[PDB]
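Here is how the chains run, residue by residue.
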Amino acid sequence: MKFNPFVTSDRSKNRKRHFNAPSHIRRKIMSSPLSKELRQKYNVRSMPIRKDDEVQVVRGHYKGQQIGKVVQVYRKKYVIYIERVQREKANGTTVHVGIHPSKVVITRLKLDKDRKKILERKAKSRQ
Amino acid sequence: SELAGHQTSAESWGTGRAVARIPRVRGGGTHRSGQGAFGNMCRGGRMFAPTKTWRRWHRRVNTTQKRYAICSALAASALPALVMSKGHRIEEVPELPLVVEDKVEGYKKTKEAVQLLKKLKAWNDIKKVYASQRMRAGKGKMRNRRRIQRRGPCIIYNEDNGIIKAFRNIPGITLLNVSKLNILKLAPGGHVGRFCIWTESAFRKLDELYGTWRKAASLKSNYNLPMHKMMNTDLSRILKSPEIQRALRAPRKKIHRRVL
Amino acid sequence: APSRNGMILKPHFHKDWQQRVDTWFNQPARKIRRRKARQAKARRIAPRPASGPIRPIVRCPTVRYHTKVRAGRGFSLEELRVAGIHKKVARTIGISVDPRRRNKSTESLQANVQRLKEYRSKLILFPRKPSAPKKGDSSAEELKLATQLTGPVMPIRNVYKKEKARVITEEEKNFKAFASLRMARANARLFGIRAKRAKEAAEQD
RNA sequence: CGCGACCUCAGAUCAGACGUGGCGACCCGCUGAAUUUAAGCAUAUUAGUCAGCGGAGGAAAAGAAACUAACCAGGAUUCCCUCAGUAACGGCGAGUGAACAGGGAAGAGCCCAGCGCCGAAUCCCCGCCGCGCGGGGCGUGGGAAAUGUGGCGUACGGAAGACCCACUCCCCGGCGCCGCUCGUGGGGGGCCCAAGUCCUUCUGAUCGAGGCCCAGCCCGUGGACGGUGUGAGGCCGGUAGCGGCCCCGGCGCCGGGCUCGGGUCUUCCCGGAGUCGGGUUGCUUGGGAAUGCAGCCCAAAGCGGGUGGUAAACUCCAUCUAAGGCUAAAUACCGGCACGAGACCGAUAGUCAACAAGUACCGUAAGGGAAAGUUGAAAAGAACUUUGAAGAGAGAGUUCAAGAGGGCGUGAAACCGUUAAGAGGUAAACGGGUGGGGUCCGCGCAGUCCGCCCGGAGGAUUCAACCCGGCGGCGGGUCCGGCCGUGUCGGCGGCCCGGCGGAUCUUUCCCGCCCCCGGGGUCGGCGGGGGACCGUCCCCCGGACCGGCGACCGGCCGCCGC
RNA sequence: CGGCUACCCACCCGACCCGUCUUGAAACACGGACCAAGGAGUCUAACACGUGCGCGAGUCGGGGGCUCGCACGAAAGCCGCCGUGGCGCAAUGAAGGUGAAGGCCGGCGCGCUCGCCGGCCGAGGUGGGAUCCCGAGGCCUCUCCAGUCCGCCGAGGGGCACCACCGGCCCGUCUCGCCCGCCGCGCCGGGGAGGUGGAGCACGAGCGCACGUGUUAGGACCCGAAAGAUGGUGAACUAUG
RNA sequence: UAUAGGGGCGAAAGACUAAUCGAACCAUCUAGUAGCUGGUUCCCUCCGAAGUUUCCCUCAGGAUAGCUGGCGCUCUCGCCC
RNA sequence: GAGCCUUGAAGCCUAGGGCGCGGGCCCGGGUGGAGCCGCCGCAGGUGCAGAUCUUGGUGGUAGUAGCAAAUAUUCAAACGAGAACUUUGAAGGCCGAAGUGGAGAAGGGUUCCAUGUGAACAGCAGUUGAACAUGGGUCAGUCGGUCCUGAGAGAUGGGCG
RNA sequence: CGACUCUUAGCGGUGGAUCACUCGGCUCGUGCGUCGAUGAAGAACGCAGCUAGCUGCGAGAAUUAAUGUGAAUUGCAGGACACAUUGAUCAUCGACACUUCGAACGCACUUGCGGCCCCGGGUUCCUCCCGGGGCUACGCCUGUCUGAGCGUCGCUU
Ligand SMILES: [Mg+2]
Ligand SMILES: [Mg+2]
Ligand SMILES: [Mg+2]
Ligand SMILES: [Mg+2]
Ligand SMILES: [Mg+2]
Ligand SMILES: [Mg+2]
Ligand SMILES: [Mg+2]
Ligand SMILES: [Mg+2]
Ligand SMILES: [Mg+2]
Ligand SMILES: [Mg+2]
Ligand SMILES: [Mg+2]
Ligand SMILES: [Mg+2]
Ligand SMILES: [Mg+2]
Ligand SMILES: [Mg+2]
Ligand SMILES: [Mg+2]
Ligand SMILES: [Mg+2]
Ligand SMILES: [Mg+2]
Ligand SMILES: [Mg+2]
Ligand SMILES: [Mg+2]
Ligand SMILES: [Mg+2]
Ligand SMILES: [Mg+2]
Ligand SMILES: [Mg+2]
Ligand SMILES: [Mg+2]
Ligand SMILES: [Mg+2]
Ligand SMILES: [Mg+2]
Ligand SMILES: [Mg+2]
Ligand SMILES: [Mg+2]
Ligand SMILES: [Mg+2]
Ligand SMILES: [Mg+2]
Ligand SMILES: [Mg+2]
Ligand SMILES: [Mg+2]
Ligand SMILES: [Mg+2]
Ligand SMILES: [Mg+2]
Ligand SMILES: [Mg+2]
Ligand SMILES: [Mg+2]
Ligand SMILES: [Mg+2]
Ligand SMILES: [Mg+2]
Ligand SMILES: [Mg+2]
Ligand SMILES: [Mg+2]
Ligand SMILES: [Mg+2]
Ligand SMILES: [Mg+2]
Ligand SMILES: [Mg+2]
Ligand SMILES: [Mg+2]
Ligand SMILES: [Mg+2]
Ligand SMILES: [Mg+2]
Ligand SMILES: [Mg+2]
Ligand SMILES: [Mg+2]
Ligand SMILES: [Mg+2]
Ligand SMILES: [Mg+2]
Ligand SMILES: [Mg+2]
Ligand SMILES: [Mg+2]
Ligand SMILES: [Mg+2]
Ligand SMILES: [Mg+2]
Ligand SMILES: [Mg+2]
Ligand SMILES: [Mg+2]
Ligand SMILES: [Mg+2]
Ligand SMILES: [Mg+2]
Ligand SMILES: [Mg+2]
Ligand SMILES: [Mg+2]
Ligand SMILES: [Mg+2]
Ligand SMILES: [Mg+2]
Ligand SMILES: [Mg+2]
Ligand SMILES: [Mg+2]
Ligand SMILES: [Mg+2]
Ligand SMILES: [Mg+2]
Ligand SMILES: [Mg+2]
Ligand SMILES: [Mg+2]
Ligand SMILES: [Mg+2]
Ligand SMILES: [Mg+2]
Ligand SMILES: [Mg+2]
Ligand SMILES: [Mg+2]
Ligand SMILES: [Mg+2]
Ligand SMILES: [Mg+2]
Ligand SMILES: [Mg+2]
Ligand SMILES: [Mg+2]
Ligand SMILES: [Mg+2]
Ligand SMILES: [Mg+2]
Ligand SMILES: [Mg+2]
Ligand SMILES: [Mg+2]
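Sequence order for the protein chains is A, B and C.
Taking this note's numbering, the leading residue of the first sequence gets 1, the next gets one more, and so forth.
Taking this note's numbering, the leading residue of the second sequence gets 1001, the next gets one more, and so forth.
Taking this note's numbering, the leading residue of the third sequence gets 2001, the next gets one more, and so forth.
Certain hints may be false.
To be verified - Below 30 Å or equal to it, Euclidean Cα-Cα: the simulated DSSO-like pairs (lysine-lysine) are:
1. C:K2031 / A:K2
2. B:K1165 / B:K1118
3. A:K13 / B:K1139
To be clear, the hints were calculated from the coordinates, so they are not data collected in a lab.
Taking the hints into account, I'd like the entire structure generated from these sequences.
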C-alpha cells in the first residue's frame, strides 16, 4: 500500500507522467528481465535494453526459443526491434515488428564499462 | 465553477426577431453568434441551482448514541447467527470471540500472521476475499477506484508492538484499537455482525472501558451500559409457559366460509 | 407573504452575502498546523515548560463572575517588590509581569506573593558553568521531567471554605429578614434627600 | 571699488545612490451610485458595497490604554465560540444592529522629543597602511554634516545625581574540525523481495483448477501505471529510524573590539498646541442634547486634561496620560510556483478552451468569440491483373474481424433506395369483436401423463426382525465430584503487601503561614498531606431461588451410523 | 395441430388534434414540419407542526485541547476541576422591583365579615372519565364435607390522562380601613379583605440529532422587459467650423 | 483638423452622431423587478373543492374566514336496557 | 451475492416466446468487442410532448421559383479522351476620346509573371481563371517621404486636483 | 396485367444518438512566498536540412558552457559510431549570451535628425566626410565644483 504523501495514485496523472516521460526515464521504463542462468550469475533481476545485447522473445506471436538480437530501441514508442522478428509488406518487402521490452527476456549483455558499474551497483544494493 | 454560464455577455432580442425571447450572444462571422445564452434549457449554459460549496456535508451525532451503536455492534458480533448471516466463513472456527494470547501483537513478519490465521481456521474467509476481488462497476473506475474488496476479519488489539506491520498486507483485513472503536469498521455497510478476532488484553480491557450494569465505566467518566428493554427476548417460551396459557381463550380454528 | 400562524422572522440576508462566506473546510488542517507548531515549540524549548510564564491569581471584574477566580496575564510590580526579585529579571526567570495591573486588596496581594514564593521555591534553573550560585550539583536528572502541561506549576482550580456545620445562635431567628434588605434599599435610595432635609431644617433652626 | 564669512538660491552628461512600471486572490487610504425591497415612493434598504484612483508585503493593518467596569475588579494587539439577532437605530414601517464580560489559539515588549550632566566622547566621505574562502567590516591621517544641537547615560512601570551596605568577572560579531538536528535537518541523480513452470481456451495474455502432510515463493513491498484483456509477483514504481554518493544551514571548542549591578537614606528633575474643547455644516455609525471623521470660526490649563453611554450647574469618587514612533505570534489568500485528494463532470456535460483556444472568425475601436476526441494489438494503410483519362469499381492481399479502408470503435431515430408480403374512391391514423394470409414458436401429430400401494409373472444382492461389540447425539431423576447467576449475614478479613466518590468528619494528627506574651499559649483562622464512618467492587466457608440460551461425569429408557 | 401478441389486410359499431388561459376549445383562439441530445421546485439560514432515536430536570462539545508520523485518518476515540456557553427549569411590570402549598382536628382572645398556637400527611372540591378492586347470584356423574376443577355478573369503591366549573397562590393596578418591626422611629419598611389585566404557579419535559410538510430572506421552479448607474470606444457614414 | 453621449452638431426635419438616435456603442452592477404570458418530465390506490364573508390606492392581487387533505388522540357496541 | 464475462460485458435491432392492470422487466435470435448487474442501506445535477424551448441532423414544398438591367453573334482549324464558352484566322457588331482606352492617390497585399494538375472553389461547362502547387519578380543624390510651418495637438515653468 | 401511394421486415445510404474509454476540467487541502532602471509584464520580427501552426529559443537564435545519467533522435538521406580520448540523447542548470518596441531613457518615432570622447580606414587634422565602441530622459538624496543677490556683516577705495 502507498504511504508517501508525495507520490500519487491518480490513474490520469500516472498515465500522463508515463506517456510524457523524458528520454532518460524512458530507458529505465523499457527494462527487460534476464534469463535464469544469467540472473544467478549477475545477482540482478532486470536490466535496461541497449542496441548491442541479444534477447529472446518469451510471449507474443513471434515467441519461441530462437535466440535473437535487437537492432533498434524506439524509446518514443516504448518498443524494440529484432532483425529476425519481421513481417512482409503488401509488395513483399521486409519490415521489423515491434514488441514491448517487458515481454522479452535477455540472454546476453554487452560488457561495457558503464554496464559493469550498473551491475555491481545493483548487486551491492540487493546485498 | 460558479461561472459556468455567466462568462458570456448577452441580451434578449424582444418582440421583434421572432426567433425567440431567450438571451442570445452578440457578434457575427461565427456560427456561435446568436445561440442560446446562459440558462437551463440552453446549450453551453449554466445548470439549474449550481451546487454551492457551503452545502451541509457533515452530520453530528450524540456521543451517547455513538457508544450505543458501538455496544450494539459488539453484542451482535458475539452471536453466531448474526455473523454467519453476513457472509463470513466461521464454519471451522472453534470459538466465535477469538481471544488469543499477547504474543500475537509482537509479530514482525506476515508469514507467522498467515500461519496463525490458518491455525485459527479463519483462512477460509481470507480465501473468499482473495476470490472476490472483481473490478468496480460503472463510472467509478475513472475516479481512482477500480477495485472491489470484501471486508474480512478485524483484529482488535492494544499496546501495539508491530502487529500493524504483520496485518497491513492481508486483503480484506481491518486493524482496530480498543481505545478507538469505529462503527464504520465494526459494522460496515450498516449491517451488524462482523467476525472479530481479539487479544487477551483487548478482551480484558472491555470491562473497564464500558463497564457493567453494576459499576460504570472507568475510562469514560459519565458513561454507563445501555439499558435492557425486554429481559427475555424469546417469544416462544413466554407464549408456551403455563402461566400464560393458564387463562387463555379457546383456539376456535373453524373457518366459517361463505354459504351459498 | 405570511401564513396562518407562525413566528415573525427578520432574516439578515438582504445584503449580498454569498460573495463573503467563510466555510471551515480547513479546520482539521488548521488544528494539525497548531498541534505541530505546539510540538515544535515545546521541542525547541524542552527544558522550559509549555506556557512557561507563570500567571497570577485573578478575580473576575463583573458581578456575574466575581464569585469564581481565574488566571491572568502577569504579576504586579507591588507583588514583585514584596517577593523581593527585580522587575526585569523575572521575565528571563519565567515570571510574566503585568505593569498595568494595580493592587487594591491585601487579601489578593498575599495570595499572589505566596504563589510567587512557591514558584521560586519549585524553580530550578540551569547555569552556563557551575560557577553560578543558587543551584545544586545535580539537576535532578533533568528535573525528573522536561516539560509541563496546562499551567507551569499549578492551575487555577477553585477552592472553597468548608464551614461544615454549626449550632444556631439565639437571636438568629430574628436576626435578618426580607424587611432588612428592604430597609437597606430604602436608605440607599433616600440617603441624600434626608441629608438635604436636615440641612434645610438646621437652616431655619 | 574690492576682498571674505554667513544666509536664501540656480547649473552640469559633476562622484555615488534611489523612485517610476507590472501582477494585484489576500490587505491599507479616498469617494462611491442605481437596478432591488419598502407590494406605490422621496427618509430608509441595497451600501459606507459594485465600478474608479492611489501603495506594499507574504502576509498587511492593528498593537502597550487620554481602556473596560462601578465589585472581592480586570489589564497590548490579533482570530474563534458565546454574549446576540440582544442594548439600540428606523416614514419605530420595511428593515438595520453592536459592545463589555467569560472560555479558548498566541502571548514580547520597548524607543524617542522634552527636562539635566558629559571640553561634540557623534556621524558621512576620501587615501595609504595589518586581515579570510564567493567580499565586507575592524585599527591610522584629512574633507564635510552638526552648538538653530551627534551620541552614551534617560521614558511615566518613575528617572538622575552624592554617601552607606553587602556583591558580580560576564556578554556580544568570523575563522578549521569531529558527533548530531526527531520522523530519525533541507535539495538533487541512480539502486534494492517474490512464477513468467506444467495443461487447456484466445489474434494476442493478465483467463481458467492444482502445485506433498506445513500448504508452490515474497510480503513493513497485494496502491497505481505501462505492457496484444481482467497482474502482488514480466517492467519504472510501492514498505522499510534501507544502504552508498554530491550540495546548503545550526549546536562545542583555538586570534581580534566594548564592558559596574541591587536596597535604604539625603538633593534635584519629570513631558508632545491652531492641539483638546466649543459653536456650526456635511458624511458616517446601533450610538441616542449629535459614536467617529472632515471644512470654517472661536481657541486654552497646569491640584491640569480626557472618560464614566441624557443636555446644564454645585460637590465627591474611579481610571488613563492623548496631539511622537518600532515590533513576530494565532488571522486571510478565487493571483503565482509545486504537490496530494475527491460519494463531482465524462465530449450538447466539465473552465470559453481534453484537439495548432483566447485559435479561426466578426466590428474602425472598446469588445465579442466558436465548432472540432476514438482505424487497427501491431499500418501490417490494400502488392499485383483488369475497366475507366481520372474520380471509382471488379478480383486479389493483411488482420480474428475491411461487416475497422486515412474525422475509419460501437452505429439509433427523422429521411431516402431496393427486395418480399398485403391493400387502395369518402385523407391517413385510432378503440371494441372476429375472420383470412405470412413469419416464427412447441409438439409429431387416429401413437404418447407422472409418482405411491397391492395382487401375479423371471433373475441377482446385502441389509432390515432379533442379539452382540460399539461410537455420536437427544431426555429427564440424583444436581451426584465441581462450575457461575440473583439476595442476606458472616472471616472488620484484600483498608498499611484494594479502588472511586461524598459542602459526613477527626482544630486533643502532621507540614508551611498567622494572633498574643528563640520559646510558650488552640486563643482562633488559611493551603496541602495522613485516617474514621458512609454507597457502589475482591476471595473461602455455611445456607435462601432458577439450574433457566453455562456446562462435565456416574446410572437409566428410547434413537442413528459403523 | 395450437398460438395472445408490437406483421399485413376486411368487414360491423364507435370514433373531431394534442398542451394550457377560460363559465365555455376540435374550433375561424394561441404553440407544435419531423427526429436525436440537454431542460425546470434545488441548496443555505431561521421558524411552526408531526414522526424516529438517545438522555432526562436536565440536555448538547458543533469551539478548542490530548494520544503516535500515517493509504483508508479533513474519519474515529477521549476531555471530567474544559459546561465558558445556548435551550429548559419562573413569571409579572415602562421601571425602580417583587416573585407562586394546600387540607384535617382542638383551644383561646367578643372561634368576632376574627388572628395565633399545637399534631399529621402534604398540591383542594364537584360532574364525566379507559383501567383496576370488592362483590349478592347462579353455571361442572348417584351424596352433608372441601381446597383447584365450570365460570360470567347486578350493585358499590379508590379513580390515569383529558374536559367544564368553583376555590387557592404570584406579579402590575383601583377601593376600604387596621396591625407589626426598627443598624435607627422618617412623605422608613412589611402585612389584609374585595374587582380586574399577565404569554403565569397550582409534582416539572426539555435538550441534541435525522426525516417530511408549510411560510419566509437569499437570482430561489425555469425563460422574458420599457428603464437606472459606473467606466471606457467611436466625426472612415453624417451635421458643422 | 476641432467639437463625444443628457454631450457634440443642427438655414430646425427633435433631423445626424459608423445600416441603431424623442438620448450611440462596449463591459459590469445583472440571473435587475414584474400582482403579467408560456412551460414545468414515472405508475398505481384512496380522499377530494372554491369562485363565497370581512379588510387593503383594494377590482388580473394578497390577508382572514369557509370548502379540502393528512397526522392522530379520547371513548362506545360487540352476551326488562 | 466464493455474482456473470474474450467459449463474449455494455450498447443497438428484431412478423420470436412470455410476465405485470400499469410504470417496466425476463428469455431467444442478429450485430457488437470489455465491462456489468441482483439484494440491504445511503446521496442525487434522476424520468419530457410541447415553453414562437437551446444545439445538431433530415423531409413535403421541389428538381419548383429562379439562372431576363446595359443591341450580337457566326464560320474553319489546332492543342485535347472530352469544345459553344480556351487559342489562332476571317466575317458581322459594341464601347466612340465625359469610353467597355492609356495612367495614377486611398484602399487590397502577392492578387503581377512562368510552369503543371484539373476533386473543392468560378452559381452550366471548361483544356480557361484574380483557384490550387512550385519557382521568380519591386535596383534612385536629381520620383516622393525625410526639411518647413498652416488650422490644430502638445511637455517642462506655474496653477489645480 | 402494370405504374403511384400506404403499412411492416431484410439489406444499403445520409445522419452521428446510446454505450465504453480519457495526457482535460471543477472542488477541497498542503508547502513556498519569487517581477523590474544590473532593463518587468506585454508586443513585433527572425531563427530547424527539408518547417505552415503550437511549443522552445535570440544573429552563439528548434540552442552554448558545466554537472548527473549512460548509446541515441526519428518522417526521410546525412552526420559526429568514436567511448583502454572528450560520451549521443535526456534532465538539472549555479557559467556565457539574450534582436526592436515597450516604465523605455538623446529629440521624436514617418527606422529621421543629431551632440561629445576614443579606435581603424579617406586629401595621414579639424573644418556638418565612412565603419565601430561608450555616454547624452525626469524627479530626488549626500558631497564637490561653478556663480547671483541695494538679504545681513567686517576690513578697506
Ligand atoms: Mg484528477
Ligand atoms: Mg458549462
Ligand atoms: Mg456573475
Ligand atoms: Mg454577465
Ligand atoms: Mg453504464
Ligand atoms: Mg399560500
Ligand atoms: Mg413590486
Ligand atoms: Mg417605480
Ligand atoms: Mg440585493
Ligand atoms: Mg449607507
Ligand atoms: Mg472595487
Ligand atoms: Mg506601485
Ligand atoms: Mg513582492
Ligand atoms: Mg505608555
Ligand atoms: Mg439566544
Ligand atoms: Mg441615521
Ligand atoms: Mg425587520
Ligand atoms: Mg448599514
Ligand atoms: Mg493492466
Ligand atoms: Mg497490475
Ligand atoms: Mg519488480
Ligand atoms: Mg478639565
Ligand atoms: Mg480628573
Ligand atoms: Mg458624572
Ligand atoms: Mg449622566
Ligand atoms: Mg502613542
Ligand atoms: Mg502610536
Ligand atoms: Mg501573523
Ligand atoms: Mg454527480
Ligand atoms: Mg463546443
Ligand atoms: Mg489504371
Ligand atoms: Mg469494426
Ligand atoms: Mg466507425
Ligand atoms: Mg408490391
Ligand atoms: Mg406537458
Ligand atoms: Mg389570465
Ligand atoms: Mg371570454
Ligand atoms: Mg383544448
Ligand atoms: Mg388552435
Ligand atoms: Mg389569430
Ligand atoms: Mg404555427
Ligand atoms: Mg432527455
Ligand atoms: Mg453556566
Ligand atoms: Mg433579465
Ligand atoms: Mg428611477
Ligand atoms: Mg460617461
Ligand atoms: Mg470627415
Ligand atoms: Mg442620464
Ligand atoms: Mg445611422
Ligand atoms: Mg441614459
Ligand atoms: Mg430567473
Ligand atoms: Mg377582489
Ligand atoms: Mg377539516
Ligand atoms: Mg464477435
Ligand atoms: Mg478497446
Ligand atoms: Mg434535471
Ligand atoms: Mg424531444
Ligand atoms: Mg420553436
Ligand atoms: Mg456534430
Ligand atoms: Mg429542406
Ligand atoms: Mg423551370
Ligand atoms: Mg443580371
Ligand atoms: Mg483531336
Ligand atoms: Mg475567337
Ligand atoms: Mg460598326
Ligand atoms: Mg475633360
Ligand atoms: Mg475613365
Ligand atoms: Mg492549369
Ligand atoms: Mg461552375
Ligand atoms: Mg494572374
Ligand atoms: Mg494562390
Ligand atoms: Mg544615374
Ligand atoms: Mg525630394
Ligand atoms: Mg496640456
Ligand atoms: Mg508642476
Ligand atoms: Mg438503417
Ligand atoms: Mg552541450
Ligand atoms: Mg517618450
Ligand atoms: Mg554607434
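These are the hints, each one checked on the structure:
As the CA atoms of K2031 (chain C) and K2 (chain A) are separated by approximately 25 Å, the hinted pair is consistent with the 30 Å bound. Between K1165 (chain B) and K1118 (chain B) the alpha-carbon distance is near 18 Å, which keeps this suggested pair within the 30 Å criterion. The straight-line distance between the Cα atoms of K13 (chain A) and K1139 (chain B) is roughly 18 Å, inside the 30 Å bound, and the hint therefore holds.
The structure is consistent with each of the numbered hints, conforming to all of them.
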